[PDB]
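The complex appears here minus one protein chain, its other protein chains still in place.
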């Protein structure tokens, strides 16, 4: 079994990289040290947090630490919404007692105000500089895209990294794509906690975030390798007067209001997406009713379509029909809807129970902002810092989603590998 | 009977006469447009109220929309969960119907749905057909013609898109027609919100298509066309929708700030009216009438206007309140106190011909608080016309109100013959 698992996984890793090479603008310019490093660093962390006992003790400890934060986050939620989030909801409404708009969306606000404190203190600047510095010293990427890849971990496509603000205007084609892919390879800390309250495995989300930094650079440099010259740090003297908050109280409140609009936007989009798909299911169910079928849903159609891809990652074909739908929904719609239907299988009451090695894969394969919807979020926000580069960002929109998705898929193979071995 | 049939001609002549008396100029009112708009508005009336075929294709349309509305609830059930379940009625009884979670979330869904239909090109297709149909009958400019067809299933002062490149330089009559057509017609998004409240759906559908010729009926009757129509879009035209997924998300967030705004307007007005009645009820204590409320005042005040449009004087005392509350305060408060009479256990019960007239009259976003709604949303494009829009603000509210009253007269005429509603 293990000799076949490491073979089924290595083959899975081979296919994913092969796709990037085929879609590469210049396969000859592919710096091996940078792409072999990005692939090695990514798979190295998998052996760190999912295999070796020393790291799993740390990953578990890290989960317990962050779980406290969330437990502290609810102390403000219990104050606000009162008993609408109590255990009395599961006695009265039972399963319906779990209000998604009150258990998940408010957590988006708190974490946004939490990191805003960490950014003001300088905690993030400490972690970004280290992780960012480590990448360029092991790969060969510029200072900008390296710091961006480290900043993309804690913050997805939501907030601008700002650590590359004086760089973005004049980055190379490959450098610009690395930033875009990084934001689509990872998720924000705010939406990360949102998945946790839904039922998504916390230790898996922690590993998935840090895997998105080298994985986000892997398929970024594969699709578009570096050809031009990286901008010098002494010649890029063009820093405009940046406005900053006053104290930690101002920062803590600024992050809350900023995360408030996010929570409202998420809940509004989800109210539409869940409803719109249900409407299409009525149309497909109607059209499918003429010949065949006519129970046919968009859930099932995306299943057979992404079934081959799901099998490549490590999910058995028998269960690829389910994993295919979830990965599909993530890319063509969003990761929130995909996660909403993934937690349905995690329930012990659920009829269809999957294997632990499969649930691990899907958890990593879904963790990512790589969808058709996050394109405009990038282009819309990235154009502010670079108004004369908006044409380049818009073109690499779909290309970055692929690089962002493949990053999640690559991290998912690593999951199915080491969790299949241990 | 014959008396009732005759009475409809009275109400029609009155509403037209008022517009002529308040017209900017009687001279060379274009007869072929005024009589043309009135002919179409009463043609569509008999086409969906008198002929079986119209009512057989309207009922099917009612089920079509209601299913889409039902589809929207699937997203609502996902968002709020058991707070909108049936257990609410087994617990909170009649209070189980949470207006903030039953009606307001529907506004979001339709705003996103139309944003999708506007992204596909379906909406622009129907506008060109209807607008093109108008410009042949009344021969008004292509700019305001499409702006009239757009104002039908579009609200929240998203006029622009047909008019956006034409607003910069148009006559005072074209600008007024847009304002009239905007207030005469309800928002295509909030129309579904009324359905969840208990408002008769088929009446809302008909009133929407009557508010387009009726919106132009009192538009070219108040201030006629006297300058030449310059129809050629300016070069200034420079883009948010990237994908259909983004278009859906962008529309949902757009609709989200609408529900909050509308929801706040209801918590405001209803509370203030009660406070006003707290004063008037106290002031009336000296005069020997502590039961005198703001509702009863507007009822006896607009009672003649109700009697003119086709409502029996016996029930006009109630209809006067609802029609008045729409114009004076807003259409939402009026409908909230209208569905109370639709209850089968109500002590008093209005006639079938009364329910129709009220529903058509109340079906309009033409209120005194909707002036700045137009002004603020129309000035952003052309700030040079801001003083022009606000000048004809109240005059447009009259045109918007007269249009809904006209559709109410046509209602009572063809709903006086059969056409009963549950």
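The chains carry the letters A and B, assigned in the order they are written, with residues numbered from 1 in each.
Note that in this section a residue touches a chain if its C-beta (ideal position, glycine included) is under 8 Å from a C-beta of that chain, and two chains touch if they have at least 3 such contacts.
Although one chain is not drawn, the whole complex shows that of B:116, B:371, B:382 or B:398 it is B:371 that touches it.
Only one of the listed residues, A:27, A:33 or A:88, touches the absent chain: A:88.
In the complete complex, the residue from B:189, B:242, B:336 or B:359 that touches the missing chain is B:336. Hidden from this view is one chain, which touches chain A at 68-69, 71-77, 79-84, 86, 88, 92, 106, 109-110, 113-114, 117, 245-247, 249-250, 252-253, 255-257, 259-260, 264.
The chain not shown here touches chain B at positions 83, 88, 91-100, 260-261, 263-272, 274-275, 278, 328-330, 336, 367-369, 371-373, 375-376, 390, 393.
As a working rule, only the chains that are shown with their structure count from here on.
Chain A and chain B have centres, each the mean of its CA atoms, that are 44 Å apart.
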